[PDB]
Amino acid sequence: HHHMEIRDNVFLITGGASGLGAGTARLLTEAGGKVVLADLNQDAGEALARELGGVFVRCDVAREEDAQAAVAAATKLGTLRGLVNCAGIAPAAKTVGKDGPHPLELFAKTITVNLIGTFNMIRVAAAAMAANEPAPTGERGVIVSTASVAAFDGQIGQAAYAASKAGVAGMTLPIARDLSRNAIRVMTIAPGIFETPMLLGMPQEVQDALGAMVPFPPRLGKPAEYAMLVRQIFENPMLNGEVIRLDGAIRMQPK
Amino acid sequence: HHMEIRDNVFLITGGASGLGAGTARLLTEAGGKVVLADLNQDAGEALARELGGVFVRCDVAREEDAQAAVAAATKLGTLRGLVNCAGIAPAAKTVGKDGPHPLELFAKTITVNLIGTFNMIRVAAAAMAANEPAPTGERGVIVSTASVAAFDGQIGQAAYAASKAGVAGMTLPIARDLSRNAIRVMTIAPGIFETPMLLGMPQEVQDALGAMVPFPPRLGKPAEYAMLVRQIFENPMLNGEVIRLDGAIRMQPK
Amino acid sequence: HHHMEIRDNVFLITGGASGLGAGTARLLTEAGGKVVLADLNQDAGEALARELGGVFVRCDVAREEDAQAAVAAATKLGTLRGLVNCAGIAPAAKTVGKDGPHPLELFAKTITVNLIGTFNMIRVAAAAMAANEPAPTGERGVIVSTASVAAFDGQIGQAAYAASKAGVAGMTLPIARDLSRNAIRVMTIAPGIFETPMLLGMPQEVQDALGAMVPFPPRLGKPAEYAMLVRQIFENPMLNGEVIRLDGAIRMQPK
Amino acid sequence: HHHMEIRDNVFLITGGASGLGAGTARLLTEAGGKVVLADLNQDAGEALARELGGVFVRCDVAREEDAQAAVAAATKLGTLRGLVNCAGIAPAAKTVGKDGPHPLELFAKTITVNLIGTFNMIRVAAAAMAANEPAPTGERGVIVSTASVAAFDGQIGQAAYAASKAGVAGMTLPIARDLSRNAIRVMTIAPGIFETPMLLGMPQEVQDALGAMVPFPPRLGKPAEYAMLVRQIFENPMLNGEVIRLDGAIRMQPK
Ligand SMILES: NC(=O)c1ccc[n+]([C@@H]2O[C@H](COP(=O)([O-])OP(=O)(O)OC[C@H]3O[C@@H](n4cnc5c(N)ncnc54)[C@H](O)[C@@H]3O)[C@@H](O)[C@H]2O)c1
Ligand SMILES: NC(=O)c1ccc[n+]([C@@H]2O[C@H](COP(=O)([O-])OP(=O)(O)OC[C@H]3O[C@@H](n4cnc5c(N)ncnc54)[C@H](O)[C@@H]3O)[C@@H](O)[C@H]2O)c1
Ligand SMILES: NC(=O)c1ccc[n+]([C@@H]2O[C@H](COP(=O)([O-])OP(=O)(O)OC[C@H]3O[C@@H](n4cnc5c(N)ncnc54)[C@H](O)[C@@H]3O)[C@@H](O)[C@H]2O)c1
Ligand SMILES: NC(=O)c1ccc[n+]([C@@H]2O[C@H](COP(=O)([O-])OP(=O)(O)OC[C@H]3O[C@@H](n4cnc5c(N)ncnc54)[C@H](O)[C@@H]3O)[C@@H](O)[C@H]2O)c1
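Protein chains in written order, with our numbering: chain X, -7 to 247; chain V, 1290 to 1543; chain G, -7 to 247; chain L, -7 to 247.
Think of the hints as simulated: they come from the structure by calculation, not from any bench.
For each residue, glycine too, the CB sits at the ideal point set by N, CA and C.
Hints are supplied without guarantee of correctness; some may be wrong.
What the hints assert, rightly or not - Calculated cross-link-like contacts (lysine-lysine; reagent style BS3-like; alpha-carbon spacing at most 27 angstroms):
1) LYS1364/V <-> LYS90/X
2) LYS90/X <-> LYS68/X
3) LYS1510/V <-> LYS68/X
4) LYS214/L <-> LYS86/G
5) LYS1364/V <-> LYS1510/V
6) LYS101/X <-> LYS90/X
7) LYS1543/V <-> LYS1382/V
8) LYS90/G <-> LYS1543/V
9) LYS247/L <-> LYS101/L
10) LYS101/L <-> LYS101/G
11) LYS214/G <-> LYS247/G
12) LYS1397/V <-> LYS1386/V
13) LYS247/L <-> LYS90/L
14) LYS1397/V <-> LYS101/X
15) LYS90/G <-> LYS214/G
16) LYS101/X <-> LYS247/X
17) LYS101/G <-> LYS90/G
18) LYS68/G <-> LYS86/G
19) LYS68/L <-> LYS86/G
20) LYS247/G <-> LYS101/G
21) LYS247/G <-> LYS86/G
22) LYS1386/V <-> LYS1364/V
23) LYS1364/V <-> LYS68/X
24) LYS1382/V <-> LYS1364/V
25) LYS1510/V <-> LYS1386/V
26) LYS247/X <-> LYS90/X
27) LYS214/L <-> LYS247/L
28) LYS68/L <-> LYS90/G
29) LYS101/X <-> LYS1382/V
30) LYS247/L <-> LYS68/G
31) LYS247/X <-> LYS247/L
32) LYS101/L <-> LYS90/L
As the list claims (entries may be wrong) - Estimated spans, in silico, between C-beta atoms of each pair:
33) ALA84/X <-> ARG55/L: 48 to 58 angstroms
34) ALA123/X <-> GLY24/G: 39 to 49 angstroms
35) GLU125/L <-> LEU98/G: 22 to 32 angstroms
Taking the hints into account, I'd like the entire structure generated from these sequences.
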């Protein structure tokens, strides 16, 4: 027994209707995993579930009842071995802008979806995973969350997003410590800039220009490359309590 | 050579107790005028009276309270400093005996410590941006309190660690946001300090904890946190950084 | 198309006669890679090269001419696509001991083997890789070095080792920036505690107790688990300029 | 009772003939401390030591005998309470240049002066401070070293400098741990960009342009501002085992 098996195990992916979550769903399905997609986007989520043979659950990650429903769907499908938190939003607003201070509700909403939502999915999924029998490598399950390089390199306009993502990154260690007796590993990925619908409203010129600023490779990341690192986290028993930058070595500048 | 504390106004959240109180005392001794913003009327009004400053009852999570506290400061004089010390430190495991960590406890910790700190920053920064620059160039300086839990989160600290990591992580983008306004933004990450936050931890356990600090082998004094605040106000090159103030301790899981 | 191929490409592994380097050589060889092992240990290195169908070079990583010889053996064998720096030593001595200060030569030697030696191998290998045609994914090659959690969590007695490994970790970014125009990715792994001959002086009992301190899994790392991460680095085109802790979420205490 | 006294105590400052070391010397003297300046620069060191009423010792920080002489001069002068490591060099060379790889000697020399040299001074000064009676605040002494933002943000051409300064940063914690029983605090300052002779051969336009990149204040740091932070570290009993960026919030880009 060298690593946790993806084949025939269940993986709950928030934000699974789009972008990195969708790419993760595709790779885990190709590996024989069974996916539960938890997202607000019912049309895309149901469609992807049909394409992959998974289950779609309409889920606002910030709500207790929705996290419960998503986790219960996964445990009904089979043995829940992985949570991948990809649900997130990335608004921009300066601390002091042209119209006065950053609106409070905008900061709160960003924190609520990205940080409180991620914790909400973690706590519910962890409670369920703790009831599993250990796999042959010892794990009851593995939790992967998505931060961002903004946790470390926050740009002008990203105070809220950075706060939320640094929150996600910072809680990796205490959660790993909390769940060590349950044999659940806890990891975070901090992506740089990836080609997903999160970038809709960045004109194609500006996207290509941003790709060109990445040291190597000089392009936006593919969702599959995120997914590849998720799989490695699942498969490597020693990866725990850590945040991994996945960013072509970029360091984001103020603008 | 540096921004003068003397004669300028300093808004200190959590200023009725502990680190905020200590900061208030030192800033007053340096000739600053303090506004103490806290939930605690009785302790806040006493200390403000003692220091010849002003107390404002302020829940840092509330927009209207933030506005009132900043307004008190701009009335008193030129607002040159915000020090965010308001915060709470609950303990609860991700998965407890009785089920998962309660969601509301997590949300409450995040709301006081992170959303509250941001709420004070945004309002205070808007007011500071209207100031004329001091002779050293600053319109103002914002200092926030994270914790070594931002980096060394222990068992039961997921909510506190998330909140404090948030505070630490936003230091840089807020510094970047306010660089055109000539406002510096810094964060102190304290280790373990002797304040009422340790009420409940019995004395033997506090002494044992002090003995785990490499040097000095004791709990931090509020004046020591306040010394670092004062350096941040006085040093024109400190911006966009998080400083651990912890006697070199690194917190273990338990 | 999706990642750099290990099969039929050449991998130069310093410290390849033992422990993490040897485990990396085994995994890369299983994946069809051709290995050059570079090590001081002639007997073990030659025996492992023979077993894996690779090449051994007796090489002190601190010497220019040894790095040159190791790189020349690799380029003879085929297309040099990866360097893995595992050559290292881990002495212990306090800054101020019972008998006086930490000896200067012990500090210097640690830094020379672990930090100067790693850079020596990198610069020579990178110069070779820079002359490669790019692979389909765009990389001319990929460099992986070994730091340690001691870069961040240095214990009493570890000033020299910590300095050296923090140096390895900190140079990852500028070297990735230097080699971005050459399309060479540069990454660092920071292992926690792994079961290798580096632990020879630690009694079995103290190894087992230290294993029990690792949050999860409560054991020492396997060389294969280090190797798995090296493979991920090679295969993921977005991993660049980063240091990855591989440590079961442990944080090292002073003692 | 609140903090260690600078007045009438002795401070050993390496690189004290120029720039940050010189500014430190001035500020500590103005506060009533007695300085020993340790530097290669005999003429400027002797002249400044005279100007400040202290002592100069020609000291190559990489040599054991020089460290010993410099520490001896300090303990003859009075009670040695602080060491400030400012001796350093910052050459530039790419990992792979136009003409071949980065010369090995250039990397080794940078590491030798900046890292080995800083450790050499620490171990000798620490052994001498360990023999002091504690000050009323409890310290026998305090050690301050100079890293750089290049420890974290290393630029193209800075592999050697970044390695050296990340080494200095990363050894802060184990050395603090080593010296805790001796009551000696150990700290590091990581400066951004400061107006000193280190920038000689950067033309004034390039210096002014780089100052304009500092988010706030939009200028180069003054040596006095470095020195102010050194004094805070001496006077704050709770600052230990930590690295402090002093940089106007800049993050250095590849070029
Ligand atoms: N694309 C990038 O460049 C990038 C870089 C760094 C980090 N990230 C983060 O990666 C993660 C994935 O984002 P992405 O690029 O795939 O963006 P995306 O917009 O394509 O996908 C995000 C998904 O999250 C869903 N979602 C939003 N709020 C939700 C909520 N309350 N409950 C449930 N689902 C919700 C959305 O409907 C969407 O389907 C996010 O956390 C994002 O912040 C992205
Ligand atoms: N004492 C320590 O060991 C330690 C260590 C690291 C960080 N901290 C942090 O330092 C800061 C100050 O803590 P302290 O030790 O002085 O604790 P404390 O309990 O003595 O003081 C905190 C103050 O915050 C006030 N407060 C709580 N919620 C508030 C709200 N919504 N609005 C306004 N005021 C509110 C309290 O009434 C109190 O007066 C906190 O952010 C704390 O998390 C403390
Ligand atoms: N084992 C652990 O717990 C652990 C943890 C963190 C980091 N590391 C690091 O991992 C790497 C591999 O260590 P390991 O555990 O496999 O130890 P190991 O002692 O089994 O293997 C180290 C190899 O490096 C060789 N070597 C030493 N100096 C050399 C030199 N100048 N030139 C060429 N070869 C040299 C040795 O002969 C040996 O074969 C090292 O850099 C080590 O510092 C190990
Ligand atoms: N100026 C900056 O922008 C900047 C930024 C970050 C870090 N630093 C670092 O600050 C420290 C001070 O640099 P500075 O700006 O004052 O430069 P500087 O060149 O003005 O002063 C450095 C001093 O170090 C002495 N020195 C060099 N090698 C020595 C050796 N082997 N032994 C003894 N002394 C030696 C020099 O003769 C010189 O007087 C260095 O460690 C430097 O790398 C400087």
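query: Which earlier hints turn out false for this structure, listed by number in ascending order?
result: 2, 3, 4, 5, 8, 15, 18, 22, 23, 24, 25, 30
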